[PDB]
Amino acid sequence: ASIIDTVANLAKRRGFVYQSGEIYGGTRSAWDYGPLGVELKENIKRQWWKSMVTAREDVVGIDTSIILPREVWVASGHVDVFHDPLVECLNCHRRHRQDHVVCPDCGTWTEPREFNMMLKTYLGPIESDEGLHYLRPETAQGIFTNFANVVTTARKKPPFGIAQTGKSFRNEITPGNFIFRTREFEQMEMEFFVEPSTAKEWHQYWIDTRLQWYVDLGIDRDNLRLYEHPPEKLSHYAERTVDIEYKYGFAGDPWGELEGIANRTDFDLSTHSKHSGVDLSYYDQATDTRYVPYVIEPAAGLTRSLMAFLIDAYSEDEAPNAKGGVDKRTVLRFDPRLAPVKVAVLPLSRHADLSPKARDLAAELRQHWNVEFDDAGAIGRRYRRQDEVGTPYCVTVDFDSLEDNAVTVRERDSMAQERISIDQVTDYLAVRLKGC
């Protein structure tokens, strides 16, 4: 079995993901995130927002509506150019992407017809062109349209960034491998407005910076690469684009896009100034000059980043068991800051004397972290159940704990154990979990 299939089976089995509406028929085009998946996803988001907004004086945040005025997508060009060629089979009449011959539904074509990938909706009582709106295909336009508002309230000046996370929607004709390509996804996008003569320099900076981010949160550098977009595959808003690519493990070419870092020159502020009538240029008072900023844009995928982190973390190693033998052990080697469960509190047995201390310790820890309590089954099996989902530390409460008031901390990867007094455990875990 391939690595992607293994990781997907693990995710479904342990509740990182469920198929949306599974009981009514789910597709790989729609996924719900279970109790572990939601925490993993939020953790990745939080680390992104820390790196991009909180830690940087030059970058501020925003959250804009999924449904913007239609004119926006006329000015961005998405109405006119955000379309792909579709060919309908002449035997089963199922439409497919032409660029992407034989039919993959029956095997037996019409002339290509352009199909716009944005999703439509209607606001108001009349299902008419007055109420036609597009579910945004990208979060960038809500940033561009607020560039001046932000310059004003935030008192900012180029170079500076506006960052955002949110849901986007594309009418994807076919579902991707697992969660890679879905019709509803979550993006993390930042638009960095710079004085044009510096754009190129700034560009490389962000390409490097973004790359290091993935490495800093645990992704093997060898599983990452850079790809230069050719002029033909350039977006309608881009002059130069570089993609970070991750080795996901697909059949055939195992490499796939992970984050797109684009030099969008002055396109976006220009077009929105032209269409809205509002001047979105920037006035440098230190020089008495006025220019439309260039835009460097790191746009990552939350769900693609979760898939990348989850695949890179997966590993199988030979770990000794209680019998004195050696088993194959499935471990997700997450960075502590991403792991969905930071600590597991595991009484040695269901004994009535161990549950009080174990439960009080679980509560104390829940004050700070997401915690898991499990007294079911043999302890070693529970250690492995936690290792399977990337839990960084297991805290075992045994009978000696009733006398020395100390517990056994077990580190996930090394499986090494250290006995520490309870009244210090929190502190211990804190230093090793590397939160704020």
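Between two forms, the rigid core is defined as the largest C-alpha subset superposing within 1.5 Å. Numbering follows the first chain given and starts at 1. What changes on going to the form deposited in another entry:
- Only one candidate in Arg290, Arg350, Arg359, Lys274 has its Cα displaced by 2 Å or more between these two forms after core superposition: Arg290.
- When the rigid core is held fixed, the Cα atom of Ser235 travels 2 angstroms or more between these two forms.
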Second form
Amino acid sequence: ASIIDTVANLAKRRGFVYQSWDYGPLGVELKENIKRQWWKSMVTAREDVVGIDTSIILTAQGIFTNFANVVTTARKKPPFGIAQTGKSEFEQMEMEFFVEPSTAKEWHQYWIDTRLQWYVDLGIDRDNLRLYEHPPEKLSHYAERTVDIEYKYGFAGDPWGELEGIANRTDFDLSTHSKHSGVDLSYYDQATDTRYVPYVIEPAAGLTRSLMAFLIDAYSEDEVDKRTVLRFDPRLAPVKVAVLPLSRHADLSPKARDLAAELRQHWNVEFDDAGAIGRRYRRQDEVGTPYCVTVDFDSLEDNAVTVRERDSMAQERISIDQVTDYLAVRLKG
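For comparison with the form deposited in one PDB entry, would you give the structure of this protein in the form deposited in another entry?
A lone chain is what you will see next.
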């Protein structure tokens, strides 16, 4: 079986996806973590980018139409961006970056690079990412230049697939909307330049494609005794912590559950006392849980817990009073 078939079998088995395709309990968490990271690094982390959410009663058009409004209430001037999570019925994280046409090309390259680095910063092997520029044959009527980030999914024939497209649509969008709506959307310069209709650089990433890329790239099988493991970035892992009492003994449970409640205040935690500890470690590793917290009888007097890191499996026993902080620093976000 191919890598894709293996990962899909795992995803169905552990509830990442359910055959229908619908996202199961882990799939929703991974999807929302991906969306949160995209919004964080695109909207809230950038002063020149603000968000918007439009209705698609039956998508990027909803941004252009509201351009004027955004310029007024948000008090933004080019270069600046408007981001959105558009239900293209698959979701798509898209952004329209309005810039002076003179800089259009420079900005384009910027967003071609930044976006790529984004994926790399979340744990994707750069060797599994590449750039594919559309020739004039592909270039849409409005797009002067189009560059697709492509990920090595592992298909038959061509193993690469589009993951995100960054296009230079020029001034076609705003000009069309101005002509059709009878409203001037021009930012004619009165400061060291001439009149222009803002050019648009459009990064658009299919959320499903992003999740598939992260899931496939995180897969690993390392020894002997083989171990299937999703090496997710901590910010993307569906489950951040696993509170695993050493046994079902009624002494460990009342304290391990209190610790799990403390942790659930902040992160999504999974509590499991079923069976042997090694099986539970393998369970958590299969779904990329970055840390496991084990409570044993020695904790009833020593008042500590064993923290096991996913990839290395190295264990460190630390005071139960500090666990939260010890995890926060390591979980980020």
